[PDB]
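K.L.:
Residue strings, one per chain:
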Amino acid sequence: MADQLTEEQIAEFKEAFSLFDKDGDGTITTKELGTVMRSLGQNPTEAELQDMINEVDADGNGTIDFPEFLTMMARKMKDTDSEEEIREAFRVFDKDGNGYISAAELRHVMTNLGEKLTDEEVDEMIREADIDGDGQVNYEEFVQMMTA
Amino acid sequence: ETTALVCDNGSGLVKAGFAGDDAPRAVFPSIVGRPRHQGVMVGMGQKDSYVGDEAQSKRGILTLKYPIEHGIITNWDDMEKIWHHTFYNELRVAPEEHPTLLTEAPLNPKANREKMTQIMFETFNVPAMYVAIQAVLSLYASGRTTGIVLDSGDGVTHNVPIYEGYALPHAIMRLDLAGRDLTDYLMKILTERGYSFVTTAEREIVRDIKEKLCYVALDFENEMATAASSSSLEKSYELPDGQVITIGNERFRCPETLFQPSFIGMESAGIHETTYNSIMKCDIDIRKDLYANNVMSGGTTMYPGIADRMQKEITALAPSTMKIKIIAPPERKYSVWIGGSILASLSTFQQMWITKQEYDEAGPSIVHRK
Amino acid sequence: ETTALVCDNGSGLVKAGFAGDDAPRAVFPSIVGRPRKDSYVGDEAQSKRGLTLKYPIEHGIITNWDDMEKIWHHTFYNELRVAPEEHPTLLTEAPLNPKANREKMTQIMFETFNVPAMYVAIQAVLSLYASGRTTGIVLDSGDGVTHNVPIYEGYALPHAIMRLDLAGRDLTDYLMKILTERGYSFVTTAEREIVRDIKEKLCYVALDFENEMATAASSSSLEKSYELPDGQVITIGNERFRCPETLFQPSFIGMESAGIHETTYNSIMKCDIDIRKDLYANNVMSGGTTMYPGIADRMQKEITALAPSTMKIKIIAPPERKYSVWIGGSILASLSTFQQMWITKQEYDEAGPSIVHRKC
Amino acid sequence: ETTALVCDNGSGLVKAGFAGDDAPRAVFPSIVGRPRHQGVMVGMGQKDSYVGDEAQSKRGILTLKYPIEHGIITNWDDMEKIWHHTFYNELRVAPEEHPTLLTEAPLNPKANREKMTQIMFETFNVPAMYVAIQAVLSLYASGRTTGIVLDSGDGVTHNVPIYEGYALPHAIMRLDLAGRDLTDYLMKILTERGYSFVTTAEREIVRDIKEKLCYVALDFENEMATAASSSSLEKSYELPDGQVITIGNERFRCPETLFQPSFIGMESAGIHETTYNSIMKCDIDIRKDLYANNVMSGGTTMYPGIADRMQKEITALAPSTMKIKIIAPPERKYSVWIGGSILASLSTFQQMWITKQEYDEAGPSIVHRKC
Amino acid sequence: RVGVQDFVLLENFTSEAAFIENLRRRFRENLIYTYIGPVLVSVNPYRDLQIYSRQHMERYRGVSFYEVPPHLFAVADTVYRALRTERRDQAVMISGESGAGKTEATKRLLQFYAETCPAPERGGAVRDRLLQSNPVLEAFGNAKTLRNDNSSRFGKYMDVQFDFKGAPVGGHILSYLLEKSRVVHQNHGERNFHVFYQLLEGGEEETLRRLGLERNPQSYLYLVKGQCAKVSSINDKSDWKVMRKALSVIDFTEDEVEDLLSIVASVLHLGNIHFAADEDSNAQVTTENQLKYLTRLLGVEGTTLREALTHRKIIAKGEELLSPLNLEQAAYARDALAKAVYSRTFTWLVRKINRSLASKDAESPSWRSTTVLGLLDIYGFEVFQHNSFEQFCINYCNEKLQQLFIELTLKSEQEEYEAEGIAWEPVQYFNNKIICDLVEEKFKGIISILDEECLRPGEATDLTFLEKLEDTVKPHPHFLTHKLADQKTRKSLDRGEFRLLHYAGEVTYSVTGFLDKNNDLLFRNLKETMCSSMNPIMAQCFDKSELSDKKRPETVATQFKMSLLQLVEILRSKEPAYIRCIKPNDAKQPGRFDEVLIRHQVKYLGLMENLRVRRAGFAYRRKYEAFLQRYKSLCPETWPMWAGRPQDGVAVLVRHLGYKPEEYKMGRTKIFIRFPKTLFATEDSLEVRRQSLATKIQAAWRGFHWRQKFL
Ligand SMILES: Nc1ncnc2c1ncn2[C@@H]1O[C@H](COP(=O)(O)OP(=O)(O)O)[C@@H](O)[C@H]1O
Ligand SMILES: Nc1ncnc2c1ncn2[C@@H]1O[C@H](COP(=O)(O)OP(=O)(O)O)[C@@H](O)[C@H]1O
Ligand SMILES: Nc1ncnc2c1ncn2[C@@H]1O[C@H](COP(=O)(O)OP(=O)(O)O)[C@@H](O)[C@H]1O
Ligand SMILES: [Mg+2]
Ligand SMILES: [Mg+2]
Ligand SMILES: [Mg+2]
Ligand SMILES: [Mg+2]
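Residue numbers (PDB author numbering), protein chains in the order written: chain R, 1 to 148; chain D, 4 to 373; chain B, 4 to 39, 50 to 63, 65 to 374; chain C, 4 to 374; chain P, 10 to 720.
Extracted from the complex, chain R is given alone in its bound form:
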């Protein structure tokens, strides 16, 4: 689409896909498409994943093949969100503007707002979003961590 995948990039994406394929069927679960994209460090939304899955789920079988995963990876690579966009997306939720948010106020927005985190995903976030135990995240540094 916006770029064409190099055979080395196809091979790296296939090697990452091999951890999910494992037994050699060549195919991954429709939601697990997100997990393999995220293993390759992409930031796909569940709505983006559903909008792509709606064009391959047309004959069922609960699963998608390597070439159509590779095609949906090439879809997500068009228009990826910037570090400053994710930083400002946290800054809009900062009540004091000073660069810090509490673990409870993060859990609040992350469970209130659509594409919600599960309690296990918030616990796995707060495990190191609060870096050392004071109950606060520096969201500017945490976005520079999360975008690495």
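It should be emphasised that the hints constitute simulated quantities derived from the structure, not laboratory data. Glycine is no exception: its CB is placed at the ideal position from the N, C-alpha and C atoms. Any given hint might turn out to be false.
Here are some of the chain B residues that sit facing chain P, going by a computed Cβ distance under 10 Å [to be verified]:
{"hint": "1", "residue": "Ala26"}
{"hint": "2", "residue": "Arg28"}
{"hint": "3", "residue": "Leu142"}
Using the hints provided, position chains D, B, C and P with the ligands relative to the given structure of chain R.
P.N.:
The following block gives chains D, B, C and P with the ligands in isolation, referenced to the frame of chain R:
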């Protein structure tokens, strides 16, 4: 509260109240007083004029004036102050709520009831008013339809013979000698002993002497001879400054002016001959029932011994077969008001009011037609 | 800051202060001294007096105007520490004074002191404010004037106002005359200020003059001693009540008038018959010559003999008799209805000093 | 010898003489003076008491007492000294030998007429006496039977209307305001220029100022505005020590107390309205002849311009067809005495005296039957 | 949501019934808070609503005024963050009727600051001292009325004081307008300050014996005039134990509390003193049984007190003159001492709490910062069938706090438009200055005429004062009496009364007791007697330096005017905020809604007139940076950052949001929005756009979630 007002604008006292009361609520002197001296104390609320009982309480620093003299309203600006004080301060009512019965002497100037009507309808906005003749009202208070009424106030004495409710208007006698002429004559008299009263405020002290000391001699020449013989008739009165004054034949020389108007230089016959002349102007069939019903009213009839003298004097005039009788109620002083109370309470009277709508159709002259 | 000044220019003492104070701030003699600075005023002259001491006011009239400008300058500048340009000034006067006395007070307040607005009150009227009354007859008696003003419910009676040019200075001259009978001589203007203090400390009014005269003739029991500034001791006897008796028998000055009690009764007898009762129950007293021991008791005994037996006769002699004219001015100049009574300098420009007779 | 005596006991002046005379023989102030200070020259003939022109000339060392105030004899021993001085020193007569006509204001206490009679009979021993009314006498001098008399003396102003020789007793007015009330107001009013007359002898200096410099303003507000605008109305008077004093609007403010008695806190009408109020108490038929015969009498009616003011002020009150006229003769200060001479001389008066015989039949109350 | 949360939204806004219907509609659904633009309207539910717990202070902390339904927390954040960013002082003004919720509102502002601010230990100390002292100030300063049981008869002012770091440094507490006349004279059906009845019912018998007090309140002349010594709704036998704890928790020693109760007891005894005339009509104290106890309890010598109650002292040429009091003046001198002793002791309790709130910092460099978050709990317009001197003064206070509302708010908003260069016509308003001057003007106002009749010579009375109002304020458009009234009006207004057309409508005043209540004849003889006191509290209330004041005693109306001028001055330096508080019943109960009462609340609070003015002006403003950083996420050209001028970024953003030229203005440095509707529509668009921001963060987290724990 559409009860009628009854206001008896006397020469000396205003009596006022509501029809169907037993007695007047307001009884206060018919005076306006104006301060005659320099108001040096800036602090207190000095008034340009005072009315009635406050004028009578402040009287040493005021000049007191009466707007009514001889039953005629001589000062309409002072009279509007009196009516305003009557309604607003003493009775505490709006004249627009209340039809007002006023009173007048017989044989008065016609402008006196026109301007009294114009003020009630154009200044006090009264819903309806009437002007009754005072000595007719005294006959309602006495519980009678037949009798001759002698009313004496502070300004006028008048006789009105009435038979079976018909007043006989040609036999009405009026005499402009009453209580203020007796005060002014007591002021002339009292100088003979040395007491000098000359101010408008001292006239009220000579009035208070007259109201407390004076009486009518059953025979003037014998009381005059009695007072010349010994201090048995002499009485004492204490002035506002605590001086004690002793009064003697002056106690019955003042009331005698009613029986001898020549004491104040008048050509008239007295109240006994004026009563008999009024009876003798009436039809012969009427006289027997007038002789037996001489009703007396107003404060100048309040002297001790006056009904006993009047009976003696009219018996000397009347035929020996008549039963000459004099009706002098204890409430004599309020009978004109108690009559206006009865009259304004009668259901038959409610057609006889002049309404404001009839004063819009014809001017102040409507009052001569009702 | 800009309250009214209230300034009782008494014949003997200036009392001055602000409308709203409960007592005068300045109280000092109406004395200018000159050596015998070019001159001294008030307490400075009264202490330096070894000076020819002169009073510019005699019998309530300003007889010397240049010394009165010095007393007003001392009053405002030295005593009250005040600029007259900022404060309207309530002055006072005796009744029945010359018209030149008001007119020249009015001119000097506006053209020397630049006062914004001024008023001249009659002193016995102000004394009725301090006693809390609007009916009463005031006997006011200062250094120079004794006068009566009868007032009924806030109206004064100018035909029944009485004035007597005998008060505390004439008594001081009379004590200074009697003391020569003992062999004590006082003839200097400074010695006259010694004899004023003798009068203020030793004298009293006898309830019955002939009984006290018999008491001091038959016994030493009434005598008292005074120590002079020189250290000498002066012993006084029947002179303690001979001096104040001159208010009740003014013939000891060689005056012709009736006494202070007769002048008060003669005022009541010029009033209308009705009001006399409320005057007899309200004889107010004020000014320092009403301060003798026994004077309210003598004055009641004497007015009880003149007036009819049924009248309740009362004499209002406050402990602060001596400042009741000033306290009365302090009240008057504080009234909100008084603030339209002032002569303002704009009114003094459109009509000259003679405005004070139309306004006051 | 035994011709009648006439004695107008004024509040201010005794006027006395015989009924034959054209004017009073003795005119002197109605004062008793008593010495005030203590006499020091032994053998100086200083008296216990002084009367009349001796008290008026020794007035520096005396207090002056008037025994008549407002026509009432307030002190009867001082009044006996005045009558004794009148007969024995001034007239040079024995009163026991002359029938004596006395005078009074109309509305007096009866004890004044009684005791004035008791003294004339039991003290002065007079053969016969009478007590005429001052305003009735003033009409005999004025040569008429009809007129309204306004008499103002030193202590009383009174109005007595008489028609065809009949008085109208209800129409008689008395005002206790005349010359001494005008002097006491001038004593108060001179304080405004800073002159302090206060003693009974300084009242005689203010009396002499009033008698020489005062006049009645024809229009008071136009004179007030004139004296406020010029020195033209100011006049000097030299006091008895030689001090010149100057007076201005005090000259016509003093007599204005007659037309405005409210100037002395009196409530009454002025003398002009009191004259009109007396005519209006009379019968309508007599009023025309009263308006044309206002007699003015006694010394307080002497001010320059008082007839012109009085004619203007009654012309403003009466119906404009009336010919209001005022009889102010040159001799009007003595018309009560001149009228008493005519009365005591009339052949038809000689039965009207109260005689000593009639005063022995009935005591002092005999006066009210005769006068 | 239920009814419109901001009255500027409703379209029938000239109509009083549509406003009261929206109150009635929201209230019965437990929505007790509703705005008029920036102003809050708060209705008292008379029950526990759990809307004040810590989770609600979190929910409102730093949230913008339009995201959430109205609450005190939404005003509190707004006035706090104004102080925290403009660094200029603020004043939260609470007013409304007795029983309307002003003192419960004040408690929830202090709990909110304590939980939201950076320093929770010093926030806890300033909260706790301002709350634990409340039962004391209520016992000494509230009283029972014809209406509510616990009316606050003073204005209580309270600060939390902040540095530039945004932490509470300390507090302040002040008390401006204590109703002195009530200490001595209650109207029928009203009772004196609560401490007296709490002392008599609640005290230990040993204490009441020590004080010389019997239990029955009708035995005291200052407690009995109200004719309601016993009340069923008030438990004086139990409020006393919370009151005595509260004194103990302000760190009062038992010595200070016995000094304090000795004054409450002394005020009871001062009322029981009876004078009788000597032969000169001078007052003499007839009894000895009161002066026996007052000698001990006030710590002043008994002959000295007997003299001071019966004589007034002046000082002249250094001499001191005792002048005796007529027994009317001795009654005023006894009562003026009771009002003085009580006022100064309440002022002493307030100052005793205030000195415990003060900064612990050195007040020395680097100290260069003070900012104040002031609160005022002041009464609303007090109106009854019978209004007296008390309501005249209270309603004159609300006349002046409105004159200040015009000056600080309705004028500064016009000067904001002219400073920001917006060409807009000013909103027409009615100006209280004509009515302030009717009450207070130096020699023309009602207070000056009332002070004259207390000072005037002669037999002056309440009715002679009314005759003087009638002649002095004769032509005036906002003053009326039965004499001055036309006949249509004379049926509604009686001979003992006058009427003022206050800014919020007429109130009609009975003159009876105006001269008796305005008199405060505390002569210096009574001051110097008290300066000499052996009671430690009276030695601090009465001070040797005050005896230098040469003036006559000031009247209670002048003392109220002079302390109201201090309340206006202490607010005039600060940027205001407002809460208006509504009592839904004259007799408590939840859910019940009296429309004849609430229509009177809505009238005299002036809520319709504030709405008419506030709807005609602009609803909202922000500096372009503070507008842009919030709303830019709606406009891709400004998201995540705008590179141009802030004003230019807002200029494209308002085109993206599609604002029409009547909805907004571009001022010099502030954007303005006229109608709240535009801003609600924008805030609702932002609230859906936040779903995308969360989705991006959640998708970014899920893109990191795997990579740190595999391969
Ligand atoms: N007890 C009395 N004895 C004699 N005269 C009296 C008495 N009471 C009142 N008067 C006189 O009567 C007059 C008032 O009478 P009143 O009937 O009220 O007259 P009017 O109707 O004209 O006012 C006054 O002159 C008063 O002095
Ligand atoms: N205690 C006193 N006893 C008698 N006379 C006094 C007393 N105090 C003051 N005076 C006298 O009264 C005069 C001062 O009185 P004051 O009222 O001040 O007079 P003024 O108004 O003229 O200044 C002096 O003559 C003084 O000696
Ligand atoms: N020319 C005058 N101008 C003004 N007053 C005068 C004049 N001549 C006399 N008097 C006054 O008239 C009064 C004396 O007049 P008189 O008729 O004799 O009065 P009476 O009879 O009462 O004594 C005194 O008051 C006197 O001062
Ligand atoms: Mg009558
Ligand atoms: Mg003096
Ligand atoms: Mg003489
Ligand atoms: Mg409260």
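K.L.:
Each of the hints needs a verdict: does it hold here or not?
P.N.:
Status of each hint after checking the structure:
1. Interface hint status for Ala26(B): upheld, as the beta-carbon distance to the closest one in chain P is roughly 4 Å, under 10 Å.
2. The criterion of a C-beta within 10 Å of any C-beta in chain P is met by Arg28(B), whose closest approach is roughly 7 Å, and the hint holds.
3. Because the beta carbon of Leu142(B) sits about 6 Å from the nearest beta carbon in chain P, less than 10 Å, this interface hint is met.
Comparing the model with each earlier hint shows no violations; every hint is respected.
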